[PDB]
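Quick heads-up: it's one chain on its own, the form deposited without the named molecule, in structure tokens.
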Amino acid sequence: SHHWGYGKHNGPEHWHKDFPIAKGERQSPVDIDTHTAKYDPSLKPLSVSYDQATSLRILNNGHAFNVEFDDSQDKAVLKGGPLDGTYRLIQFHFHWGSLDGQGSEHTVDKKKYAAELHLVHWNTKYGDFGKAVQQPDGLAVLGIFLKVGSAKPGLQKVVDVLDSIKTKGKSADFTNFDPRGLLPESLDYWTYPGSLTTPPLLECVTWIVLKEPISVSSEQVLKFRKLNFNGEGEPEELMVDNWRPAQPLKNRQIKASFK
């Protein structure tokens, strides 16, 4: 440690020293054992309403890049599934690897994907993001896996702006991006109660992990690997492998929306 990161000296195995909740009872990510996940017919279909989404900016925060959305009103929301209430989209970001064989946070039957997209939403009953993180049902994160295959056209606008936010603290205007181009065809999912996967690791997330991965091209993922963890004019450390390994499931059941 000193500030946390993904290196040898401040990586996930060290987080517990500054954030004791790292060894909590509802930590994320986890491995999804498909044969043990319970089909639950009481789960409703997810409802994604992203047609009025307003993207604002893209920022390199030193551990990933976030695309942020205007969440001052009910423009891009998620509801249904295992959720009660309306969850507003605030930001999305990815986790990726130094090689195609790793990168995702969640695994499926121990399979790791090249990357993992997180769409972050907060429960509107709490009024703001900072209050939602303090509640057991404060956030809803939709996780989508990426496999390397064909290019994903709806991801290119993202890939193209990375050069302008190469180093930590850099940001760029990023209006009119439509997150609908990042969804797979099927919205079948697994769900379980967990946490944020970076410090502060708060246990306030209802995870909704989609069964169907989207494919990206190798060239697309390559550009992610060109970003830097460091700030401008500091020694160069490529932003790769910014994923936390799977944590113990403990007393939790993974439910499936399908069989």
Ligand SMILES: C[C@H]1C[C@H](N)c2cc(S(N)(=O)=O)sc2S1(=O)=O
The other form holds:
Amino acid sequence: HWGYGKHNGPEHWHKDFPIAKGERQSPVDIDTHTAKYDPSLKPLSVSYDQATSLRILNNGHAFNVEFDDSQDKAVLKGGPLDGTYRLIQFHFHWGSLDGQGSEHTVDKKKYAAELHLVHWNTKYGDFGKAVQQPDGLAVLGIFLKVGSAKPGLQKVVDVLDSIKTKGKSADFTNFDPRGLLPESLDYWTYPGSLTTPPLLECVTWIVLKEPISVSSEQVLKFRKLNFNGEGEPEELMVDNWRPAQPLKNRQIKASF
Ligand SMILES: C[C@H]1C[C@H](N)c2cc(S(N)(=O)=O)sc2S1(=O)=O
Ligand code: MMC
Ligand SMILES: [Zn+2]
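Since the structure above is the form deposited without the named molecule, I would like to see how the form solved in complex with the named molecule looks, so please show that one next.
Then the entire complex follows, led off by the chain already shown.
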């Protein structure tokens, strides 16, 4: 099955998921001098004060923090979105070295990691139906660069010994996502897809201009996780990111 190594990595995914060669694949490089300022784009509205985190889980390719999405508790609206998108989970993509890790790049510059806050369009009723639609999901992408510690990330960093290998989980309640937002909600946005299998082209990408910073020792702990399940050859979970894909006639709009 798919992974990120030499034999099962991004360049092989097309054989099992033929849409990997499609029209609106993600990530992409954001060329800032060709992104079009669009004055009709509304400001983002992130209402995350009611968020209920439930679990953190290592799934073999990253770790997800899962949220209760049975009611409009943490939602995203505004920006390029029509209607309410509900937060279901967030995960990161990171590298083995600080100058790689992000999926989206900005003028070909790579960051140390990228956070994806995954939301689904409530008019389709459940997540399963939303991935059958072109505007079914919105992922909010935030870049991470190494510098000062981000206080709000430390509770996640501390539970990671508890989920070191594939399949493990831990209860992870009362985590507030607002502690991972940068100061500015300025964004670029373009129509894309999931960046891991099944690579469904259902996503409205909203990538924030401003990186949050995290310390070197906060990023180092991400690299101690394992792709492998318990009691197998140790395989450090580093470099779980997809290279930039062709823009193919999409336009990236900027809110600034
Ligand atoms: C069911 C999951 C299937 C994939 N593992 C996936 C990848 C996501 S990304 N890297 O594009 O933000 S969101 C997501 S999901 O649809 O939640
Ligand atoms: C069509 Hg998703
Ligand atoms: Zn992701």
